[PDB]
Amino acid sequence: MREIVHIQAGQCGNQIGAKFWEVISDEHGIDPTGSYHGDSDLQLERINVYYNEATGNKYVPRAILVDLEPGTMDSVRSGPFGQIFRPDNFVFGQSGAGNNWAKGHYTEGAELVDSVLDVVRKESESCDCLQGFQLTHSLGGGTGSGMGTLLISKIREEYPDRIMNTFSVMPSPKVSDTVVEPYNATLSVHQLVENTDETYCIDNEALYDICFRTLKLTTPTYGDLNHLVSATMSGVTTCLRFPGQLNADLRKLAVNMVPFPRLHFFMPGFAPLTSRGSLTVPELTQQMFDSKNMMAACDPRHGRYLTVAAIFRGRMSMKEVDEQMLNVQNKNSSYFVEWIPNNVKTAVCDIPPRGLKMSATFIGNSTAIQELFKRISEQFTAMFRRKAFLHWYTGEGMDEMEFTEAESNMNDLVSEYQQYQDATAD
Amino acid sequence: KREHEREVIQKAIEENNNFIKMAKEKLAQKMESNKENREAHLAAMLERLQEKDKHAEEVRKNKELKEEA
Amino acid sequence: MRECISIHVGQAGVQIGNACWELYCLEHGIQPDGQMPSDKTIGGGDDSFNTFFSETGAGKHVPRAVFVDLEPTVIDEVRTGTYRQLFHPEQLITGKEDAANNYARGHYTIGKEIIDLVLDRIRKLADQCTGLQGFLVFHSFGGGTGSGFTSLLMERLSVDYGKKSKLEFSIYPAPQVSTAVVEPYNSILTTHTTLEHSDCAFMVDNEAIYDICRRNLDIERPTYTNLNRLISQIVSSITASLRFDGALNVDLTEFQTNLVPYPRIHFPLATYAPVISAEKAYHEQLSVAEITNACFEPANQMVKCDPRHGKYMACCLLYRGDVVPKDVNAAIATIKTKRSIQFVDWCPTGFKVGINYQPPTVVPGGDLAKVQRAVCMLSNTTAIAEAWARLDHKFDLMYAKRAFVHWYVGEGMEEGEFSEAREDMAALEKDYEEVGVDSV
Ligand SMILES: COc1cc2cc(c1Cl)N(C)C(=O)C[C@H](OC(=O)c1ccc(CCN=[N+]=[N-])cc1)[C@]1(C)O[C@H]1[C@H](C)[C@@H]1C[C@@](O)(NC(=O)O1)[C@H](OC)/C=C/C=C(\C)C2
Ligand SMILES: Nc1nc2c(ncn2[C@@H]2O[C@H](COP(=O)(O)OP(=O)(O)OP(=O)(O)O)[C@@H](O)[C@H]2O)c(=O)[nH]1
Ligand SMILES: Nc1nc2c(ncn2[C@@H]2O[C@H](COP(=O)(O)OP(=O)(O)O)[C@@H](O)[C@H]2O)c(=O)[nH]1
Ligand SMILES: [Ca+2]
Ligand SMILES: [Mg+2]
Ligand SMILES: [Mg+2]
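Protein chains in written order, with UniProt numbering: chain D, 1 to 278, 284 to 431; chain S, 119 to 187; chain Y, 1 to 440.
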């Protein structure tokens with residue numbers, strides 16, 4: 001058994017984390033009580049990747065819930081699947097982060113980090129052969145961004161040979177009015193570049209645009225955005241949870257997707273995206294490569310693909326999938342780097358997601374992801390040149406030099422993506 | 119002629135033993151060199167992580183110093 | 001006497017091993033429980049099939065085989081499958097964590113933890129042999145275990161068994177069924193490390209097999225099951241001389257004498273015929289001449305390359321079924337006057353023929369039609385270096401940017417091993433050019 005330990009920190013991380021467990025529990029036939037009531041043996045063959053087995057044939061998510069305030073985690077426990085989580089795996093503080101990365105990373109978060117590690121250690125010791133960790137959090141807040149990146153580093157010290165994966169929610173002014181989110185996001189990216197092996201960039205900018213433009217939602221709620229997140233997280237973990245040949249574990253995925261260690265920030269995609277009140286293999290393939298279907302606000306035709314993972318779900322002709330994947334690469338060969346041959350891998354899972362006959366999930370390592378980091382860097386430097394609200398961070402012990410180091414490291418990441426975008430074989 | 123026949127079979131034995139010996143040595147060198155390289159990479163990783171912990175101790179110290187002022 | 005030990009490494013090697021041993025059992029009349037009613041000597045014997053099967057006192061015929069994989073899920077299917085009673089549990093060896101498509105993890109980080117146990121289990125098979133002839137090693141080029149652990153195993157086998165013969169069946173990667181971007185890296189690394197430790201290696205290009213299943217068997221999207229059934233027929237043709245007796249039977253080692261002119265030039269090209277569906281074989285008997293002609297159609301080769309653009313250094317025809325020399329000789333004479341068969345000037349041009357009278361068999365539920373006669377051609381042609389050239393070119397494209405190299409360095413490897421491996425492949429390609437040049 002190749003177990004994954006799941007961690008969710010902060011409000012956003014616990015919110016998208018709960019939806020993730022709801023969606024995949026339904027996919028695997030697990031009810032809120034932890035009992036299995038499915039009809040396919042494929043649901044249970046790799047159940048141990050995400051679930052522990054307990055007395056009474058009950059399946060308990062290998063999940064740890066962290067926050068510096070009890071608010072979101074109380075509503076999680078009152079959720080539909082709230083009774084399925086292990087009560088001892090709830091680790092919450094009282095003070096709160098107050099959208100302050102310094103408090104999450106150095107002050108309040110540092111006072112709670114050891115109690116979280118005790119739960120991580122307990123879940124890891126009972127693993128047959130631990131794969132690694134997946135963390136859900138936002139980068140714009142305080143706990144998920146500050147304490148989340150702190151947890152990554154501390155876990156890295158005790159499990160340095162394991163894969164660290166994050167689902168990182170990127171801030172956007174279209175969603176949150178908090179003006180220091182570029183600070184918290186840049187400081188977090190400074191840590192993710194060094195301490196994670198693979199990061200799914202869940203861009204609130206893209207999620208809002210999809211809900212508003214494509215789904216025709218005038219007032220997108222967090223529930224509307226999280227519906228896209230849960231469908232995306234289900235798709236990008238399908239190869240981990242069901243029997244399959246391609247990218248079946250976190251390390252094989254990383255080896256296929258990360259040609260250079262720092263360039264591990266993925267552009268997710270999903271098809272179809274249709275509004276409630278409004284599909285062929287060629288259409289499904291064309292849509293998953295469309296910029297309008299990307300969960301990161303980046304146009305892939307503004308850069309080049311280093312590596313791509315494609316996952317088709319549902320009953321369909323594998324011959325047709327193969328032809329269409331070959332067709333989209335041949336017709337768009339300019340946008341795939343020629344010095345990485347055969348850089349697009351395709352998986353097909355027979356089990357479709359809930360409510361869809363056929364779906365496609367896209368995982369791209371594209372140099373166009375620099376558009377996301379340039380947007381954060383532009384909003385960062387506009388605040389940092391005025392030193393707006395710096396005293397909240399320096400009051401915790403930080404200084405401006407750490408802000409400068411985070412900005413330069415993220416700017417270096419953009420330069421590196423541009424370097425390999427410009428590289429040629431001849 | 120008998121002396122030559124003895125030298126041929128002794129040559130065959132010597133070449134076979136040298137092939138075994140060199141294969142054993144080359145593999146021992148590779149496994150030891152690989153073990154040291156991987157251990158050095160892990161040591162560098164933990165060393166950088168420990169410096170981050172050292173920096174965090176300095177940050178919390180800086181906060182306590184400005185609070186006493 | 002003359003026992004042969006098979007070693008199946010990684011998913012590709014294990015699953016191909018499943019197909020091969022199932023086919024062997026059908027060819028010899030061995031039941032899934034190991035019982036063989038036709039075998040009247042209980043608990044032992046020196047029959048031809050005993051080169052591949054040992055016997056217990058209870059009448060069980062046990063493959064002289066070890067299955068090894070660094071993760072358990074593939075071999076677990078053997079442990080619970082149809083032929084689970086065929087193998088002693090100690091013949092099936094698994095770890096808990098695979099090589100993650102990384103040669104370095106198969107050869108070093110993970111492989112080093114199980115290599116001693118594997119050698120111990122092989123030693124237990126060798127000790128039951130009265131005259132061990134050598135090993136047959138089945139593995140992919142592209143996987144981390146198939147590449148990294150195989151090369152480690154081959155190195156250790158040279159030390160523990162000296163120059164006992166070691167033959168490979170190697171699965172050459174194809175993008176239609178490949179699972180890792182770094183498979184060109186793993187292929188070049190294992191080919192370099194194993195080159196001095198292998199006496200003969202039969203490469204199987206997954207794209208060639210894929211094309212044959214699509215074209216000749218009308219399979220829209222071949223699976224590993226489709227591919228492995230066909231591969232097992234080629235493997236069976238090659239090993240039939242070891243497992244059956246016959247007046248016209250020619251031992252594989254005799255073909256090997258002709259096939260290997262220099263130690264490094266030890267990669268024969270296999271071509272197999274007939275591959276035909278049941279619907280097409282019905283009321284259609286393919287003669288000796290027709291299946292022989294098909295051996296020189298490049299579409300039937302196990303490796304994609306063009307022998308008509310190279311030079312031959314050996315041609316061997318391995319027939320099985322209803323075949324007599326008169327028809328073989330007549331067929332060969334027709335082909336010599338109609339085909340692009342140019343030999344190098346330092347090699348005799350005569351074709352070497354063997355015939356096993358036991359007819360080919362098919363697995364129930366398969367796509368191959370049951371035929372009265374089949375042939376596997378083994379040729380030594382300079383054209384097989386085209387397979388190296390394609391792999392080396394993909395290697396060069398990625399390595400010039402050092403793409404993915406950090407995954408290997410992080411496991412302890414050095415860039416010098418990449419360049420050393422690539423230079424060895426460059427010399428191998430150069431060797432194939434040199435042997436094809438005419439003598440001064
Ligand atoms: C015209 O100037 C503005 C004045 C204000 C907010 C904004 C702007 Cl522009 N805006 C809209 C901002 O986005 C700025 C950010 O505000 C917040 O994060 C915030 C969070 C919760 C609430 C709920 C009401 N509580 N009140 N008052 C209000 C603001 C701020 C100062 O940069 C973060 C700090 C790093 C963070 C703040 C904190 O939350 N903790 C902590 O240690 O540091 C602290 O302590 C509770 C709250 C401070 C609230 C203010 C100083 C009011
Ligand atoms: N013909 C054939 N090829 C296979 C089969 N299984 C895998 N392959 C090929 O083998 C290569 C991948 O290597 P694997 O054997 O699956 O990997 P492995 O040896 O188990 O090594 P790791 O899983 O990385 O530890 C790809 O080129 C696949 O196409 C099979 O059953 N038959
Ligand atoms: N997509 C999505 N984003 C969220 C959600 N909740 C908060 N966010 C985003 O997260 C950022 C605020 O961080 P938050 O999680 O509240 O901080 P924390 O709880 O202290 O870790 C803002 O940019 C929000 O847009 C959610 O449920 N879904
Ligand atoms: Ca017997
Ligand atoms: Mg919030
Ligand atoms: Mg494997």
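Derived from the structure by calculation, the hints contain no laboratory data.
C-beta: ideal position from N, C-alpha, C; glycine also.
Be aware that one or more of the hints could be misleading.
[Said to hold, decoys possible] The calculated label-pair distances, taken between Cβ atoms and stated as ranges, are:
hint, chain 1, residue 1, chain 2, residue 2, range
1, Y, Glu220, S, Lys170, 52 to 62 angstroms
2, D, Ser278, Y, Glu415, 14 to 24 angstroms
3, D, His307, S, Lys184, 57 to 67 angstroms
[Claimed, not checked] No more than 25 angstroms apart at the CA atoms, straight line, and that leaves these computed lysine to any residue pairs for SDA-like:
hint, chain 1, residue 1, chain 2, residue 2
4, S, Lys170, D, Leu217
5, Y, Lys112, S, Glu157
6, S, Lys142, Y, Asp199
7, Y, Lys96, D, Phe389
8, Y, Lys401, D, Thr429
9, Y, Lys401, D, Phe389
10, Y, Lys401, D, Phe92
11, D, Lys174, D, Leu395
12, Y, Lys112, D, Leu395
13, D, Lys324, Y, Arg221
14, Y, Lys60, Y, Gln35
15, S, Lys142, Y, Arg221
16, S, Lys142, Y, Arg156
17, Y, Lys112, D, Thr429
18, D, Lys379, D, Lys362
19, S, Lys181, D, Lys324
20, Y, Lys112, S, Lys184
21, S, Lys170, D, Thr429
22, D, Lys324, Y, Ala174
Results of checking the hints against the structure:
1. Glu220(Y) - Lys170(S): 52 to 62 angstroms: The hint (52 to 62 angstroms, Cβ to Cβ) holds, given that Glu220(Y) and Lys170(S) are roughly 54 angstroms apart.
2. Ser278(D) - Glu415(Y): 14 to 24 angstroms: For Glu415(Y) against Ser278(D), whose Cβ atoms are near 54 angstroms apart, the range 14 to 24 angstroms is violated.
3. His307(D) - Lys184(S): 57 to 67 angstroms: violated, 45 angstroms
4. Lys170(S) - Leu217(D): Since the Cα atoms of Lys170(S) and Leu217(D) sit roughly 44 angstroms apart, the hinted pair is violated (cutoff 25 angstroms).
5. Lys112(Y) - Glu157(S): holds, 15 angstroms
6. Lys142(S) - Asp199(Y): holds, 18 angstroms
7. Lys96(Y) - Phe389(D): Violated - the C-alpha atoms of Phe389(D) and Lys96(Y) are around 49 angstroms apart, more than 25 angstroms.
8. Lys401(Y) - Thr429(D): holds, 9 angstroms
9. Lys401(Y) - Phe389(D): Given pair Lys401(Y), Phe389(D) is violated - Cα atoms ~36 angstroms apart, limit 25 angstroms.
10. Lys401(Y) - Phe92(D): Given that 25 angstroms is the threshold and the Cα spacing comes to 46 angstroms, the pair is violated.
11. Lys174(D) - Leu395(D): Given pair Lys174(D), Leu395(D) holds - Cα atoms ~23 angstroms apart, limit 25 angstroms.
12. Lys112(Y) - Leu395(D): violated, 52 angstroms
13. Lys324(D) - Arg221(Y): holds, 5 angstroms
14. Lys60(Y) - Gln35(Y): Satisfied, since the Cα-Cα distance of roughly 5 angstroms is no more than 25 angstroms.
15. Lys142(S) - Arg221(Y): violated, 45 angstroms
16. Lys142(S) - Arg156(Y): Between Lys142(S) and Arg156(Y) the Cα gap is close to 8 angstroms, so the pair holds against 25 angstroms.
17. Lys112(Y) - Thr429(D): Outside the cut-off at roughly 38 angstroms; violated.
18. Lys379(D) - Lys362(D): violated, 38 angstroms
19. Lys181(S) - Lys324(D): Violated, at about 63 angstroms.
20. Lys112(Y) - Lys184(S): violated, 54 angstroms
21. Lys170(S) - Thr429(D): violated, 37 angstroms
22. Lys324(D) - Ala174(Y): Judged against 25 angstroms, a Cα distance of about 16 angstroms means the pair holds.
Hints 2, 3, 4, 7, 9, 10, 12, 15, 17, 18, 19, 20 and 21 from the earlier list are contradicted by this structure; the remaining hints agree with it.
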